[PDB]
Amino acid sequence: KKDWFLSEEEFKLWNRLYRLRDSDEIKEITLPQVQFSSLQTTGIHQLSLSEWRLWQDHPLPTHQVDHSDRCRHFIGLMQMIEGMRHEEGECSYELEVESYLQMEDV
Amino acid sequence: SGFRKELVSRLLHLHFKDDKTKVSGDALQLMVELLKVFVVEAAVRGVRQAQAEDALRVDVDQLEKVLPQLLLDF
Amino acid sequence: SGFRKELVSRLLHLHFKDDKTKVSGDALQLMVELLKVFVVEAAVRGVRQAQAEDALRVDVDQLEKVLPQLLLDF
Amino acid sequence: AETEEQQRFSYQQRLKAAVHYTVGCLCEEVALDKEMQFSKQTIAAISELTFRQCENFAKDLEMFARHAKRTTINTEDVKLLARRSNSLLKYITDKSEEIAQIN
Amino acid sequence: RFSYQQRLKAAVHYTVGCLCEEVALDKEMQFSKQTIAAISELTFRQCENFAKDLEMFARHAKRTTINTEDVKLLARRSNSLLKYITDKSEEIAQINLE
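Residue numbers (the entry's author numbering), protein chains in the order written: chain C, 675 to 714, 725 to 790; chain K, 8 to 81; chain J, 8 to 81; chain B, 5 to 107; chain A, 12 to 109.
Keep in mind the hints are simulated off the structure, nothing from the lab. Some hints here could point you the wrong way.
[Claimed, not checked] Some, not all, of what chain J presents toward chain C, calculated at C-beta under 7 Å:
#1 14
#2 51
#3 75
Backbone N, C-alpha and C fix where the C-beta goes; we use that ideal spot for every residue, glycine too.
Sequences are here, hints too, so could you generate the full structure?
Encoded structure:
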């Protein structure tokens, strides 16, 4: 079934069609590689998960993979955040929930 | 502060799909700690985000920008 | 067109911590399918976003918008 | 059915309220430590987040258990929840060995 | 020249490049060079998570060799994903038997 690596032809194709170069506007594309805070450039584009937050309070188009539960929790959380972004006095969530508090659970 | 074993147990049994599913005493006690770490991570990442914006307090804007990653790291 | 099992097998082995971990031929075939689904899912969803903006080409801006809900779906 | 829903809703709110009270306290400490406050809306968001996140934890634990044939969720499924971060896993495992002793 | 890792990534990059080409022709949309590189990075990193989870999922069931169950646990979050993986297993079982 052929090799794990690119062939001569596939490698030439990659080099001139896909490979990013230093002379390109974006020389490289990176992703967050994140950290846990509580426990302890140029031509480089860091993919952002937060810059399009105002696109997030609605379920986005799907192709073959349905949105998951945590995805819908995320969307619902973005919706809840939109609703209380311009408050506007005492928290709507506080009053919505405080009357159910039972001191035994805490 | 922190969560109580009883509360955490009611939050899990609230979502289980199999009514036969149970949680060991150690597991439940470990969850109490895990939930605490989760809340602090979110709160701390919120502070970070707001500080990177030279903001004075954590509003829902800064919390939004840390949400997706926070959910992915868990 | 897709990923070769020979590559996927070495893609996984690159990240194993234990030098004894192995991958069944069938699980490897499933992982070959899984990786494709992910790539195509990202591509098409980027397309659907470029279409919504009536752009002519999918740029990283269009990709980053579908990213959170993409990663959360996986 | 109309009383079963109102009951399911009340109970949910009871739990939401407890999480919210606890989250508020935990955030109070983070505010003192890092020296910065949280809007009332930020706290409420973190609470709802924690609430919904419990659902993810629950359904995962249950499946991780069934994956190991068990019906009872033990201490090593909880660890599977913290795999993403080495420091996270280390912290939870450090707290796990601790609990075991005394517990 | 290239580190073993770089060649793995270039291989992934090229495959992703071809898959995006199909999508481009099918859906009638062009991809920027950067967008394909981005998806390539996502995929390679997504693969690191898959690999580490399989290993732990298997070791969780006291197994040393990752199996079909571990892959199904990977797609536990999506009905579509799970449905496909299980169906794939079925087609794989049919092809494997005979």
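Cross-check of the supplied hints:
With a least beta-carbon distance of about 4 Å to chain C, the hint placing residue 14 of chain J at the interface is held under the 7 Å criterion. Because the closest C-beta pair between residue 51 of chain J and chain C is about 4 Å apart, less than 7 Å, the hint holds. Interface restraint check for residue 75 of chain J: the shortest CB-CB distance to chain C comes to about 5 Å, inside 7 Å, so the restraint holds.
When each numbered hint is compared with the structure, no violation occurs for any of them.
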